[PDB]
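**Student:** The residues making up each chain are set out below.
There are 4 protein chains.
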Amino acid sequence: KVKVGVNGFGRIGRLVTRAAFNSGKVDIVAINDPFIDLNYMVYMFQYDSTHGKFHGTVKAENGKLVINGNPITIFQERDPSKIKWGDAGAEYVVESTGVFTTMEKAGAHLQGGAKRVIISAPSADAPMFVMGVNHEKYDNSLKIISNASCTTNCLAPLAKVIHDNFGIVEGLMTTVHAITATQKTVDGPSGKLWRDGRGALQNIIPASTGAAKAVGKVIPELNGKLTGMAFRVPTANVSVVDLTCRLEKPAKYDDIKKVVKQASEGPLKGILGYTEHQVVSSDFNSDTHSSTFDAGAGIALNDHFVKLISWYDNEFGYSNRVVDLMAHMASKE
Amino acid sequence: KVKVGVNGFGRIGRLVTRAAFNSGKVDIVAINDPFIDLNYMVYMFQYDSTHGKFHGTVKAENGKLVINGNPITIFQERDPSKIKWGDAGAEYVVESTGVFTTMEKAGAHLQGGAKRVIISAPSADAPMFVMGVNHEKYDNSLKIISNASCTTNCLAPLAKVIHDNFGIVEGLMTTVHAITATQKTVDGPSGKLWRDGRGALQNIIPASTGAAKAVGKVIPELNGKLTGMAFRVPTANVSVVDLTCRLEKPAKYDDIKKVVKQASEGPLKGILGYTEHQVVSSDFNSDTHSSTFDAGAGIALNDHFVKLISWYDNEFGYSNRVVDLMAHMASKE
Amino acid sequence: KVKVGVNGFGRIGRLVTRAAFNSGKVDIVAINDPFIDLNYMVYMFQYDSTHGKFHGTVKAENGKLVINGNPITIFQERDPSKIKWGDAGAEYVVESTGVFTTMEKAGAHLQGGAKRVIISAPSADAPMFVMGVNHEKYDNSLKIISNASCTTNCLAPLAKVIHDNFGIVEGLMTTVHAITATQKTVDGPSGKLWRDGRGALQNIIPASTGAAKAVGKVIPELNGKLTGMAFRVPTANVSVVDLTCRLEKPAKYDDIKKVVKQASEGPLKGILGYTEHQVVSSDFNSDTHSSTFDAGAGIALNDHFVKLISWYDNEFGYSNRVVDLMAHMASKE
Amino acid sequence: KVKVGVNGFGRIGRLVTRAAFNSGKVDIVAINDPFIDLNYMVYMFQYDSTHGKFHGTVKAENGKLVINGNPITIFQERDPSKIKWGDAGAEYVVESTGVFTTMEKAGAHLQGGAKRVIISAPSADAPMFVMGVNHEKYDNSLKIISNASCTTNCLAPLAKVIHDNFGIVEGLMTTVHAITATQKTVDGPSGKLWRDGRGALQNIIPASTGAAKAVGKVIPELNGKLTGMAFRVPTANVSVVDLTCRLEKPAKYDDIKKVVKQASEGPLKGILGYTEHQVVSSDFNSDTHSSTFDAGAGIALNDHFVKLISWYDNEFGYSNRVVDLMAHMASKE
Ligand SMILES: NC(=O)c1ccc[n+]([C@@H]2O[C@H](COP(=O)([O-])OP(=O)(O)OC[C@H]3O[C@@H](n4cnc5c(N)ncnc54)[C@H](O)[C@@H]3O)[C@@H](O)[C@H]2O)c1
Ligand SMILES: NC(=O)c1ccc[n+]([C@@H]2O[C@H](COP(=O)([O-])OP(=O)(O)OC[C@H]3O[C@@H](n4cnc5c(N)ncnc54)[C@H](O)[C@@H]3O)[C@@H](O)[C@H]2O)c1
Ligand SMILES: NC(=O)c1ccc[n+]([C@@H]2O[C@H](COP(=O)([O-])OP(=O)(O)OC[C@H]3O[C@@H](n4cnc5c(N)ncnc54)[C@H](O)[C@@H]3O)[C@@H](O)[C@H]2O)c1
Ligand SMILES: NC(=O)c1ccc[n+]([C@@H]2O[C@H](COP(=O)([O-])OP(=O)(O)OC[C@H]3O[C@@H](n4cnc5c(N)ncnc54)[C@H](O)[C@@H]3O)[C@@H](O)[C@H]2O)c1
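Residue numbers (PDB author numbering), protein chains in the order written: chain P, 3 to 335; chain O, 3 to 335; chain R, 3 to 335; chain Q, 3 to 335.
One should not assume that every hint holds.
Just so you know, same-sequence chains aren't split out, so a pair can sit in one copy or run between any two.
[To be verified] Calculated cross-link-like contacts (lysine-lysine; reagent style DSSO-like; alpha-carbon spacing at most 30 Å):
(1) 107 / 260
(2) 334 / 55
(3) 194 / 61
(4) 145 / 86
(5) 186 / 139
(6) 186 / 254
(7) 260 / 5
(8) 5 / 271
(9) 61 / 259
(10) 260 / 219
(11) 186 / 55
(12) 107 / 186
(13) 66 / 254
(14) 194 / 271
(15) 251 / 107
(16) 215 / 251
(17) 117 / 86
(18) 263 / 215
If you are wondering where the hints come from, they were derived from the structure by calculation, not from laboratory data.
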């Protein structure tokens, strides 16, 4: 059982930790966050507005965070290279601060004694992976990798099934995404793009995303045939992907439904979901799937042009994939 | 100046009235709503959460609603055929209850003495019109007409310009729409579709719409080449249309921008807007345009496949179009 | 084990049912709702935006609603007196439509064969009860009773403890309440009071409540010494009570904390809760307590004038009390 | 006409600027914000989610911000003492960063050439003032002053009138406040109090405030007789104060209504408002009053114990008071 260290106790850092202690697939032994001390970590991990109170025990004991009886070493370093991952016995490190996404910056963890690093976000140069799509392409020579983005983990699975069966000639996607820590409560200085600084509670905010283009990296055949954008809307969690694409081989909507369902009962079980139920966003709260095909919400213009809908809990789904990914890597050691 | 009667003092009934008194294009002389008495009408017309307090005077005087000094006759009939439009001197009647959308049901107003009826919603059989797209096709032989839907008035104008210039081979649209009176505050009984009864404040709700297909009625050439669906998100007003289409003639994004801008400065001025500003939904509050092209939010995959974005205040824009339409009809008498 | 029938499958009707099947304190055998058919009942009971998917089995089988293997008879009557409670074997009936709150109207259920009726709301004439405050005063001669309101079940328990220990000279309360089915998504025609028709998502809405005055009914000594009002804010669930009162006997805040805590560990265990944690509204989601004293949020001006804060899940807490109440009545048969 | 400089182009800095250009009471000649450059300042000042697009002209011209034709010098200093207020000709400086509230820190502006400094927030040592309550007590010997807080400017005016007429023995207040820039979109590291870091969109958040206690500073007679707390709820703007107090001299609610109304038509005209209308929070959007008594929402237990309600646009009201205050100071030069 691989021992893990988490850098950045945010929504993803905390939820990866929560997912790790639930499946017991990996063991969190150390956490680092200079802006959150031990006592605060207990409070933030225990209580969660969107996912409910933690089912288990959380305590500060001897300067360590104890979850379900397991003591965790706490670090307060601002500089990654300074963190003593080795002494804490952390073999893999989850880079989830959103500030060290380049292969070089995320590599700082290796100086501390870590053996591998998983960036919980897209990376400009590090190899990106998506469970159920291209994780098999991972090997031991890789020390620094990326688990892509929440949106990419939703689109890729669906795109794979659709492409493998009918071939995607070209596609454009839109994602109606829930607000995130990046946004502001009221009009304020955005970090990066001007629209993102506008009140998150009052507006529908157009935003760019490289998610669709990133699918071209995990599924090379689709490289350059996809692109899209996003809309941030005022909900705390759970998002939906709207994929509009031209098919190479004709396919009635019911054939697409048949194909996606089989994929969800087979290889992609637990990754890609399938439903014909009259669902709404909150029905996916704390759902661990990376993507769930919504049969009733999609629509086809004809046998070559269709709009496919898929839901995803951007916090929970992604988090579990980070754990699933590490579990996979460990089995390759 | 044509005298108008409004059936149903709801969001649209009230806003059409507000728009009428502002432009003075038409004169509201009577209103009918069995679930709202005179005093309540004063309160609901004066105060408006989304559009602000009414700039003017509103009062109950001698059993009449007096707006800016103009006395309005009030009716409390549940049955349309019973309303005495003729005695009140109402020549045109705005059917905005959402319960009499068929040519037959909306015709009841003619028995009361009305000369023409405008359904403020799509109709199964009545001829639909969209200002700036096919209003010229209206003639005096038509007693009962429809002004289409908020969403159709947004899509049609944009589709027209895009089709006239590059030709739309096929298109699929999605609309992220603000909540409406139809929805529920918490999970409850749905009037029609099951998902629509789910809490409007907590969920992103997939919904079907005939808007895209309705564009085929006002723009015959596009008949059968368009379709789409909707997502209801938790905002009080203002919506956005996402049009994904294949072009017949190649066109760089900048050519599309050039073409739409010219259209907004010419014939469609006041109907179709154009902006390159970093806008968000609330920047369109109380905006009277039927549709506003958002240059920076759209994206193109290539010269034949592109995603176009257009904003619309589903309450204010539509309302003004209802008045504009009546003003047009009147000039044809 | 008493057999129960539920009239009105709304937020309370569904949650009382959910609470009944969980504690197994009572057995739901029949449900009546003319606006929701069997199949719809399955969907609405299974999926819940605020409390999550039902943890059990829900199905339509032989025209009956089957929850966790227990078949429930479904009725579609609009008129209470017509419901055949007797044939279904329902001894107690939960009146939760919000339309039959008078002793006379709620009595209609007796004609159908019901033996007792519990109004899940305040009543103008039926005897009101609050678990842990005056349920002991219930006896078999009562056929029609009321379980008060969500807010009264929160205030009463706290007031009791505070009065019994220091004496309440006079008090005024305010409740910041989550939105409910009564409100509108956008400015529209209000049930009874004009402000209540304003958009629930956009405004803080002042509202009157008889809750504080009702405490004078369950705790006669406080009769006429309390009153208050409410504010509806844009959250889907969970509310908080702010009690400001003058004490007869002096009492340091810490003495009040000591006293309330003892009450929560003793007689009121499960009814009145106590916490010193840095809580927020969502930390009480699906919490079954009727009221939870928040030590850190309250504040005292002096030893006789203080402001006490108590949280309550207005949906879940109340629902469990309805079941607890019926369980109590049954033990008195 | 006094020339003004604004330090910190945030919600208050921008709205003070907007209010200044509207009333023309003062002339903004310079603005300083190291996290917002000229072009960004144009965008943020022009578009406003809660108060609408700016009515006028805003442009970047020759490295200056030009509003309605008036050129404004832009500074990018992080350190107050470095800002060249003197060269820009700024006589008064509005300290609205929320980071320099002490008399010493805010004094740094004097080194740059400023003559006076107004802290747009409460201060630990600088003299606090509230228009219509104690501004007359301001004199030329004061170089550094405070305009108190949004909440204090709401409570003080009302308390004054109530105290002057019936005498306040003791009082406790609660304020249901809209979210602010301080809060987070999702559970995250709070700057300061632990509850304040919880998702602003999902929770009702208890918060402490020194507002009630600060009234004891602007109205010495009430010193030590008032205190209270706050609740942050999910609305973008507009807040309400709930004052519960014991009166020295008996007073029927209607006498309180008579007294407050007279005060709003007299001396406090423009500061303290009065209404008997069925209002809700959004009816106060962009309302420049510091406080507006809501007759219909309040309630009295008896002639000595009552609950008074007052609304306030925490952004707009406060902003205008900052300008009004400077206008007053200038008339004393
Ligand atoms: N928010 C989502 O739903 C979501 C889903 C998938 C992927 N992601 C990606 O994962 C990352 C995590 O985002 P998140 O929502 O958890 O954000 P977050 O802001 O909640 O978490 C970031 C954490 O980083 C900590 N931190 C900041 N600087 C640090 C430093 N120098 N060293 C160590 N720790 C530091 C912060 O204290 C905080 O707890 C982002 O890059 C995001 O793009 C987020
Ligand atoms: N709401 C929008 O933004 C929008 C945009 C485009 C089209 N529409 C369509 O316009 C219609 C107006 O919808 P709305 O949003 O104003 O709904 P609403 O509920 O706000 O207003 C409808 C009004 O109809 C009144 N009414 C009900 N039965 C009546 C009867 N028999 N006679 C007279 N009045 C009666 C109701 O009391 C209410 O005041 C609907 O068909 C809607 O689909 C709405
Ligand atoms: N919502 C709360 O948090 C809460 C807490 C305590 C008490 N209550 C009280 O409980 C009652 C339940 O309110 P609710 O919030 O669940 O509202 P709701 O609208 O969610 O539920 C009411 C149900 O009544 C049904 N109904 C309507 N007319 C009927 C009829 N003639 N016969 C049978 N069923 C009929 C409706 O279909 C609906 O399912 C109200 O009286 C309310 O005051 C509610
Ligand atoms: N938000 C309200 O409605 C309201 C009402 C009354 C009083 N106040 C008080 O006024 C102050 C203003 O709050 P706000 O809502 O505008 O917050 P804000 O974050 O919107 O504005 C603060 C501004 O400070 C700038 N800034 C940060 N460090 C700086 C530095 N060293 N030099 C110059 N500029 C710097 C930021 O870029 C930002 O634009 C706060 O102390 C607040 O408590 C706020």
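**Student:** All hints are to be evaluated individually against the structure, with a verdict given for each.
**Tutor:** Evaluated hints:
| no. | hint | in the structure |
| --- | --- | --- |
| 1 | 107 / 260 | neither (44 Å within a copy, 42 Å between copies) |
| 2 | 334 / 55 | neither (34 Å within a copy, 37 Å between copies) |
| 3 | 194 / 61 | between (37 Å within a copy, 21 Å between copies) |
| 4 | 145 / 86 | within (17 Å within a copy, 51 Å between copies) |
| 5 | 186 / 139 | neither (38 Å within a copy, 39 Å between copies) |
| 6 | 186 / 254 | neither (43 Å within a copy, 34 Å between copies) |
| 7 | 260 / 5 | neither (40 Å within a copy, 44 Å between copies) |
| 8 | 5 / 271 | within (26 Å within a copy, 41 Å between copies) |
| 9 | 61 / 259 | between (47 Å within a copy, 23 Å between copies) |
| 10 | 260 / 219 | within (27 Å within a copy, 33 Å between copies) |
| 11 | 186 / 55 | both (25 Å within a copy, 19 Å between copies) |
| 12 | 107 / 186 | both (27 Å within a copy, 27 Å between copies) |
| 13 | 66 / 254 | neither (57 Å within a copy, 36 Å between copies) |
| 14 | 194 / 271 | neither (37 Å within a copy, 33 Å between copies) |
| 15 | 251 / 107 | neither (44 Å within a copy, 46 Å between copies) |
| 16 | 215 / 251 | both (22 Å within a copy, 25 Å between copies) |
| 17 | 117 / 86 | within (12 Å within a copy, 52 Å between copies) |
| 18 | 263 / 215 | both (25 Å within a copy, 29 Å between copies) |
Comparing the model with each earlier hint shows violations of hints 1, 2, 5, 6, 7, 13, 14, 15; every other hint is respected.
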